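K.L.:
Spelled out, the chains give:
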Amino acid sequence: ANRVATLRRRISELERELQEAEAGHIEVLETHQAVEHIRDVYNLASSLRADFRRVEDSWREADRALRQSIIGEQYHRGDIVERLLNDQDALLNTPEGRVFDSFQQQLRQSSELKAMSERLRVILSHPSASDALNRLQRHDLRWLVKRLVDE
Amino acid sequence: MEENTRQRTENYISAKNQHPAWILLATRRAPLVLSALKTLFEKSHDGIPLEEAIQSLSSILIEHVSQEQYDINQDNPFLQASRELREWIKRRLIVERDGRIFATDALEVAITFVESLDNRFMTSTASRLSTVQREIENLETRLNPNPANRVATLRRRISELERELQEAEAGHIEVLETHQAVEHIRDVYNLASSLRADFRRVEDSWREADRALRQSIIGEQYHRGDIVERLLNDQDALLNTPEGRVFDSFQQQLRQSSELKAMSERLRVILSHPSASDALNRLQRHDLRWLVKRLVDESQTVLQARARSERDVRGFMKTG
Amino acid sequence: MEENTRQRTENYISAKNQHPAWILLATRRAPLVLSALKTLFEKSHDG
DNA sequence: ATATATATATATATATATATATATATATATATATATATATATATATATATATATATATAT
DNA sequence: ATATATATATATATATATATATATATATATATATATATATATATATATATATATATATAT
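Residue numbers (the entry's author numbering), protein chains in the order written: chain A, 148 to 298; chain B, 1 to 320; chain C, 1 to 47.
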């Protein structure tokens with residue numbers, strides 16, 4: 148019931164916005180506030196790269212551990228398969244693991260990542276983007292999705 | 001562009017030789033001092049009284065006396081604490097202000113760096129992408145001035161919410177899995193916490209602007225009538241300086257009683273939920289619980305900090 | 001709370017001799033190295 | 001009831017002496033960074049030798 | 001018939017010297033840090049020394 152009420156108020160809110168927009172009284176971000184509002188999304192999203200920079204390292208270390216452990220003579224085949232499954236699941240269980248898993252889940256519904264990339268492409272075209280970010284930062288954000296996929 | 005690349009090296013040399021945080025990180029005893037300071041302010045609501053800080057620092061020194069290689073005192077904790085705190089104020093790292101002590105922005109950045117340096121929980125969560133998606137979704141739908149695009153966007157959003165409402169009416173809803181909630185709580189904490197990170201850079205913007213004003217006045221022959229308009233010109237100049245401008249807009253939004261009260265209520269119900277206790281230790285939850293109070297009071301403090309410059313007009317103009 | 005006040009100093013002490021970034025930042029010649037590397041990596045996301 | 005002259009207590013300033021904490025100027029030990037010696041590893045130049053595809057000539 | 005032998009120039013690999021470039025270790029020189037000594041700011045005093053004003057006397 149609480150979710151129903153929340154949606155009943157949100158639908159009314161968006162309907163009021165629709166009524167205003169249909170009345171020709173659409174409103175943009177104050178062109179000057181746009182610079183800060185874009186710097187906001189840039190800084191906010193800048194974390195993801197700093198997070199994959201460590202997801203990669205965690206999985207590399209997991210693989211190296213699996214190597215140095217498989218040498219063990221005490222280990223037999225059943226030990227090795229078990230250790231593989233356990234190591235991968237445990238890595239996936241850590242926070243960075245859940246980050247990677249969520250990113251992966253996004254790919255199954257690529258529509259959303261592609262929509263995000265398209266929107267970012269549109270955003271950086273707007274003139275204010277040039278003031279907020281230099282060419283380098285725009286170069287990153289325009290292809291953040293690709294840089295994550297590649298990483 | 002890359003013409004500035006030649007000058008950037010000189011800029012970094014300047015930062016290395018003068019900036020407080022960087023100089024701190026280069027000291028032979030940097031980790032001990034930084035850890036002590038971190039612990040001291042880790043418990044703050046606002047500026048800590050001098051004596052509360054002295055007691056806490058002296059107790060902490062006691063805990064770390066075993067690090068004897070650094071000539072750490074072993075017979076006098078209060079004297080050592082007072083000496084160290086005086087020195088750190090001399091290091092431009094904390095402020096002799098109003099009987100309390102506050103963290104200089106340099107300390108804030110050094111804390112953020114080192115605390116984000118070791119093996120730890122990362123700066124992000126599995127929910128960061130969803131937040132970014134929503135933020136871009138709003139940024140585009142609001143930057144777009146084409147009313148047709150806006151009305152179509154609203155047409156589709158209203159349809160999605162209509163689907164949700166119909167689904168709930170039929171008796172179907174969805175909720176977060178436990179660890180999903182953990183990640184979302186951590187995301188909330190990471191976001192909201194950053195709001196505090198820049199108050200005492202705005203404070204320094206005001207301080208530098210005021211000191212620049214009083215410093216340029218060394219031309220004792222200046223026609224004092226200029227300040228009749230400079231009273232507005234300083235405000236305008238800092239209203240385009242991103243610090244003052246953004247802080248002013250932040251106040252404008254921070255005055256929306258309904259929204260802040262609702263956000264506080266939502267934070268309360270969130271912290272009450274069991275998953276909250278798992279995502280964050282009691283200290284973090286206590287910090288977030290009253291967050292709105294902290295922001296209100298810190299903004300008011302920064303206001304009363306700029307207040308000093310506000311009266312400076314009469315102090316400059318008049319004589320007798 | 002109390003546990004961290006003693007265990008954390010170990011984390012920073014180790015980081016001061018284990019993590020490359022901090023090891024670099026304390027060096028005499030840090031800004032030159034950091035600027036040069038930034039310039040190199042500024043213009044090429046591919047390496 | 002007002003308007004002045006009345007002796008003194010209260011509260012205070014200050015002083016040389018003591019002490020104690022803060023700030024400045026210095027010396028010595030620890031750590032850093034560069035330079036050097038030496039050894040060792042890389043690659044290249046020269047020439048010798050290895051092996052190969054085909055030539056030239058022969059087998060039943 | 002189709003198949004075979006050695007012999008040729010062919011490119012390729014290999015041994016060895018030349019200098020160079022890299023790596024490791026030692027020593028010297030350099031800079032940070034903290035210690036020690038001197039002086040100054042701060043607090044208190046035992047007492048002098050005091051101004052102010054009250055509490056206070058006087059006048060009409």
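No lab work stands behind these hints, which were simulated from the structure alone.
Certain hints may be false.
A few chain C residues that face chain B, going by a derived Cβ cut-off under 10 Å, partial list only [as the list claims (entries may be wrong)]:
id, residue
1, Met1
2, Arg6
3, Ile13
4, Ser14
5, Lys16
6, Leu25
7, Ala26
8, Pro31
9, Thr39
10, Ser44
11, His45
12, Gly47
Computed cross-link-like contacts, DSS-like style, restricted to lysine-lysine with a CA-CA straight-line distance of at most 25 Å [unchecked claim]:
id, chain 1, residue 1, chain 2, residue 2
13, B, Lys293, B, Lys318
14, B, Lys318, B, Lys261
15, B, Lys38, B, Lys16
16, B, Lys318, B, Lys43
17, B, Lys38, B, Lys261
18, B, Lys38, B, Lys90
19, C, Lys38, B, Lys90
20, C, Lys16, C, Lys38
21, B, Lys90, B, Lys43
22, C, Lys38, B, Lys16
23, A, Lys293, C, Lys16
24, A, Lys261, A, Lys293
25, A, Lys293, C, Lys38
26, B, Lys318, C, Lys38
27, C, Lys16, B, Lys38
Where a beta carbon is used, it is the ideal one built from N, C-alpha and C, also for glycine.
K.L.:
Taking the hints in turn, state whether each one holds.
P.N.:
Hint-by-hint comparison with the structure:
1. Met1: For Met1 of chain C, the interface hint holds, since the closest Cβ of chain B sits about 6 Å away, which is under 10 Å.
2. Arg6: At 6 Å from the nearest chain B Cβ, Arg6 of chain C passes the 10 Å test, so the hint holds.
3. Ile13: Constraint on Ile13 of chain C satisfied, holds at 5 Å.
4. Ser14: Holds - the Cβ of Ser14 of chain C comes within 10 Å of chain B, reaching about 8 Å at its closest.
5. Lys16: Because about 5 Å separates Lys16 of chain C from the closest Cβ in chain B, which is inside the 10 Å limit, the hint holds.
6. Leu25: At 5 Å from the nearest chain B Cβ, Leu25 of chain C passes the 10 Å test, so the hint holds.
7. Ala26: holds (4 Å)
8. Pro31: holds (4 Å)
9. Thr39: holds (5 Å)
10. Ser44: violated (12 Å)
11. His45: Cβ of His45 of chain C sits 15 Å from chain B, so the hint is violated.
12. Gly47: violated (18 Å)
13. B:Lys293 with B:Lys318: Distance of about 39 Å is beyond 25 Å: violated.
14. B:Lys318 with B:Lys261: With a Cα-Cα distance of about 45 Å, the restraint between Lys318 of chain B and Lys261 of chain B is violated, given a limit of 25 Å.
15. B:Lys38 with B:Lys16: Measuring from Cα to Cα gives roughly 22 Å; hence the hint holds.
16. B:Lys318 with B:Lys43: violated (45 Å)
17. B:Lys38 with B:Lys261: Since the Cα atoms of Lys38 of chain B and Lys261 of chain B sit roughly 31 Å apart, the hinted pair is violated (cutoff 25 Å).
18. B:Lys38 with B:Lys90: holds (18 Å)
19. C:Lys38 with B:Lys90: violated (32 Å)
20. C:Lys16 with C:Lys38: holds (22 Å)
21. B:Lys90 with B:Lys43: Since the Cα atoms of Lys90 of chain B and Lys43 of chain B sit roughly 23 Å apart, the hinted pair holds (cutoff 25 Å).
22. C:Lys38 with B:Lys16: holds (16 Å)
23. A:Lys293 with C:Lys16: Violated, because 34 Å separates the two Cα atoms, which is more than 25 Å.
24. A:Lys261 with A:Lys293: Between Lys261 of chain A and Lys293 of chain A the Cα gap is close to 10 Å, so the pair holds against 25 Å.
25. A:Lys293 with C:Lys38: Answer holds: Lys293 of chain A to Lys38 of chain C is near 22 Å, not above 25 Å.
26. B:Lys318 with C:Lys38: violated (51 Å)
27. C:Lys16 with B:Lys38: It holds: about 16 Å lies between the C-alpha atoms, which stays within 25 Å.
Hints 10, 11, 12, 13, 14, 16, 17, 19, 23 and 26, counting from the list given before, are not met by this structure.
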